[PDB]
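Engineer: Chain by chain, the residues:
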Amino acid sequence: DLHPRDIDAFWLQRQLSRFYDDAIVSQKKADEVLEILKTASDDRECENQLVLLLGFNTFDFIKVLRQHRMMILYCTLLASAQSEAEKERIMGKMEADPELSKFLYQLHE
Amino acid sequence: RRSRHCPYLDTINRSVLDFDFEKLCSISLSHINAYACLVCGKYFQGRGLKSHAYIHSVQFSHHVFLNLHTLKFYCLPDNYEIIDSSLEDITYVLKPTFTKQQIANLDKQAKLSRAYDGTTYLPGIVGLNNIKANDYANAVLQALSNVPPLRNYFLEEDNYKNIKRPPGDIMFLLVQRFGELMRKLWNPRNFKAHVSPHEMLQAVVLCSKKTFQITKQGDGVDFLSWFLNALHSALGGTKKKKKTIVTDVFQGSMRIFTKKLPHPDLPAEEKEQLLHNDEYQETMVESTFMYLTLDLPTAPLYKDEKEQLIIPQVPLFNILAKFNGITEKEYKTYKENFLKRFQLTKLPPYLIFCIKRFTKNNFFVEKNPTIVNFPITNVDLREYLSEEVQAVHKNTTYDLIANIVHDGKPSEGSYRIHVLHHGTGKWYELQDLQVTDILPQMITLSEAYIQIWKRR
Numbered sequence: 257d258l259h260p261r262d263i264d265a266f267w268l269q270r271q272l273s274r275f276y277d278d279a280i281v282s283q284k285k286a287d288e289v290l291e292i293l294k295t296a297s298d299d300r301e302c303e304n305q306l307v308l309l310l311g312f313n314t315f316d317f318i319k320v321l322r323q324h325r326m327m328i329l330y331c332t333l334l335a336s337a338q339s340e341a342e343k344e345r346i347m348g349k350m351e352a353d354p355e356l357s358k359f360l361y362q363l364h365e
Numbered sequence: 100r101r102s103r104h105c106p107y108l109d110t111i112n113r114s115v116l117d118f119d120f121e122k123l124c125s126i127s128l129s130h131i132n133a134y135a136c137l138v139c140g141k142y143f144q145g146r147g148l149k150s151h152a153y154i155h156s157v158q159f160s161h162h163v164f165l166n167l168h169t170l171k172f173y174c175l176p177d178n179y180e181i182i183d184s185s186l187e188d189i190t191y192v193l194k195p196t197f198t199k200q201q203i204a205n206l207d208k209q210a211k212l213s214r215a216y217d218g219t220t221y222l223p224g225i226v227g228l229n230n231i232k233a234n235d236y237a238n239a240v241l242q243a244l245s246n247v248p249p250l251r252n253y254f255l256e257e258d259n260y261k262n263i264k265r266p267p268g269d270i271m272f273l274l275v276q277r278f279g280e281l282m283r284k285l286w287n288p289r290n291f292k293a294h295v296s297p298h299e300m301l302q303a304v305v306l307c308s309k310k311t312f313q314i315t316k317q318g319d320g321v322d323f324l325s326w327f328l329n330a331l332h333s334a335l336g337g338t339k340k341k342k343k344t345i346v347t348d349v350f351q352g353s354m355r356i357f358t359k360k361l362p363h364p365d366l367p368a369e370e371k372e373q374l375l376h377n378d379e380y381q382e383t384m385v386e387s388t389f390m391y392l393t394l395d396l397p398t399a400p401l402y403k404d405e406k407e408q409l410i411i412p413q414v415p416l417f418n419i420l421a422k423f424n425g426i427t428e429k430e431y432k433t434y435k436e437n438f439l440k441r442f443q444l445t446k447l448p449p450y451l452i453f454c455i456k457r458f459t460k461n462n463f464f465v466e467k468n469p470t471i472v473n474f475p476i477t478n479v480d481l482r483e484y485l486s487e488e489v490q491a492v493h494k495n496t497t498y499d500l501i502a503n504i505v506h507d508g509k510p511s512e513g514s515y516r517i518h519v520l521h522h523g524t525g526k527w528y529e530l531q532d533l534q535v536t537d538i539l540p541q542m543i544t545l546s547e548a549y550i551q552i553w554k555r556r
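Chains as they are written, first to last, in the authors' numbering: chain B, 257 to 365; chain U, 100 to 201, 203 to 556.
Derived by calculation from the structure, the hints in this document are not laboratory data. Note that beta-carbon positions come from the ideal geometry of N, C-alpha and C, so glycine has one too. Hints are not guaranteed to be accurate.
[To be verified] Pulled a few chain B residues facing chain U out of the computed Cβ check, cut under 7 angstroms:
hint	residue
1	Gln269
2	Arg274
3	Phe275
4	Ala279
5	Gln283
6	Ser297
7	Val320
8	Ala341
[To be verified] Below are the SDA-like pairs computed for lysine to any residue, each with C-alpha atoms no more than 25 angstroms apart in a straight line:
hint	chain 1	residue 1	chain 2	residue 2
9	U	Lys554	U	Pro249
10	B	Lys285	U	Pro249
11	U	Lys494	U	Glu187
12	B	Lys285	U	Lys494
13	B	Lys343	U	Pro249
[Unchecked claim] Sample of chain U residues with no beta-carbon within 10 angstroms of chain B, all distances over it, derived:
hint	residue
14	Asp109
15	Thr110
16	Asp348
17	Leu396
18	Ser546
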């Protein structure tokens, strides 16, 4: 269960580090995965994009994306918010979204 | 330059970081220029090449270290300080700092503070690990930390950092270590759900001359008295400033209108001679009663028609009425019958009462099991105060804030604390490391030993 409080700021890179041992390469791949997860168009098209990012194998990444696509992106953006402005923006756009609102309510409760 | 883009920061193990014990290096065993590892868990020394930290980072691949004094996260192998605000939790847990307003919103504790681990909790209701027989000291510390005066005073390092203590004094550690424990026990975002009293208990053991150590348990009343005296003598600095935080928050004034008896084996004339020659005179010796030792009556050691339970109950009002002016008490001094009588001149804001439920028999040391039927909602000592200044004390409606009960046999006994938490109304009972919920009616059931009441 990918709980709202489960994902941390570095959790996206940490999970992505199971397959990539090179920290710099792992960080670059995690940032690319985030940039693909955000600004997403189609389930299969973004799945193919994630395949191009992290190989045809390692289907666990695609499974995690299917289980948490908006959840992962929103949690990573909010947790990795450098200052109060980014946190305010993320929480504001998560208040409008129903799933994100429930995610935040569970996270703070 | 390399900050804000550190890849190694994604490997910090928040679960293993425990900054409660002493802040020393792994190999160096030096307290200077320490730098704990945010991945390897342990703490090393140095912050650069040819230092223990760089070697430990290179060898163990743990490439993230934070300085315990500079409070900065740096990549020790690369000597490039990192900059990520998402890591502020580690700094907050290491150095808990309470804001000017956050140190006064302790009564507005609505949401439960969930630790970084998988355990929701509430600040203040936290357990101190029972390192060997540290139960008495842990209970006394967890009860003294409940009082908002002392907690607020110790939550601001500025209130004690500039204290002018002698350079060659070790007692200043007690005023310094207790502050760290109080700050950690009130951390709203602590990494763990409990704080280890190891540092504070070790300091208490060192600053007490082999008394009240962590190995052998001690008396809770004696430990509380010693800690209060040490805090009062440590809060003041380079002067006889009796107006300490502890002396102002938990010490009051009692006027003992005490007297003495002439002789039991003398006739009327010889007794009256001493009664008139000021040899059996009544005098006022008013002192500062930091703790009011309300003595419980010995168990009758005999059953009766009533009292289906064979535990002799006793009302708090009758117990506390002894300190009143009318109630006279006798002291069996050497070659004298010191028949005295006390009177509370002034009540402290947070009265601390410690019922001496344990005595010494002619061949052993028994513990009186009489219960103290003390209402824990409202009570007034104006019915036992001194008649001279009865109307001077505007507020007298005191309510019990924390009770520490020493259950079990005298030799092998457990020390449990039943504390009435603020913010909410639940009077939680805390074990050494277990936090439970106690019904208010059940609080007045367990035989209390030390009680602290807030005068409101």
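Engineer: Next, verify each hint and record whether it holds.
Structural biologist: Taking the hints in turn, this is what the structure says about them:
1. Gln269: For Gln269/B, the interface hint holds, since the closest Cβ of chain U sits about 4 angstroms away, which is under 7 angstroms.
2. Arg274: 12 angstroms, violated
3. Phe275: 14 angstroms, violated
4. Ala279: 4 angstroms, holds
5. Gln283: This hint holds: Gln283/B lies near chain U, its Cβ roughly 4 angstroms from the closest one there, short of 7 angstroms.
6. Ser297: 28 angstroms, violated
7. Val320: Violated. Min distance 16 angstroms.
8. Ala341: Check failed: Cβ of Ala341/B comes no nearer than 12 angstroms to chain U, outside 7 angstroms.
9. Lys554/U - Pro249/U: OK: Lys554/U and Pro249/U at ~10 angstroms, within 25 angstroms.
10. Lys285/B - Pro249/U: 52 angstroms, violated
11. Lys494/U - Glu187/U: Since the Cα atoms of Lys494/U and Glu187/U sit roughly 46 angstroms apart, the hinted pair is violated (cutoff 25 angstroms).
12. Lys285/B - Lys494/U: The hint is violated at about 70 angstroms.
13. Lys343/B - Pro249/U: Given pair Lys343/B, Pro249/U is violated - Cα atoms ~35 angstroms apart, limit 25 angstroms.
14. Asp109: Its Cβ does come within 10 angstroms of chain B, the nearest being 4 angstroms, so this is violated.
15. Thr110: Answer for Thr110/U: violated, closest chain B Cβ roughly 7 angstroms.
16. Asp348: 39 angstroms, holds
17. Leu396: 46 angstroms, holds
18. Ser546: Given that every Cβ of chain B is farther than 10 angstroms from that of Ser546/U, nearest at about 34 angstroms, it holds.
The earlier numbered hints that this structure contradicts are 2, 3, 6, 7, 8, 10, 11, 12, 13, 14 and 15.
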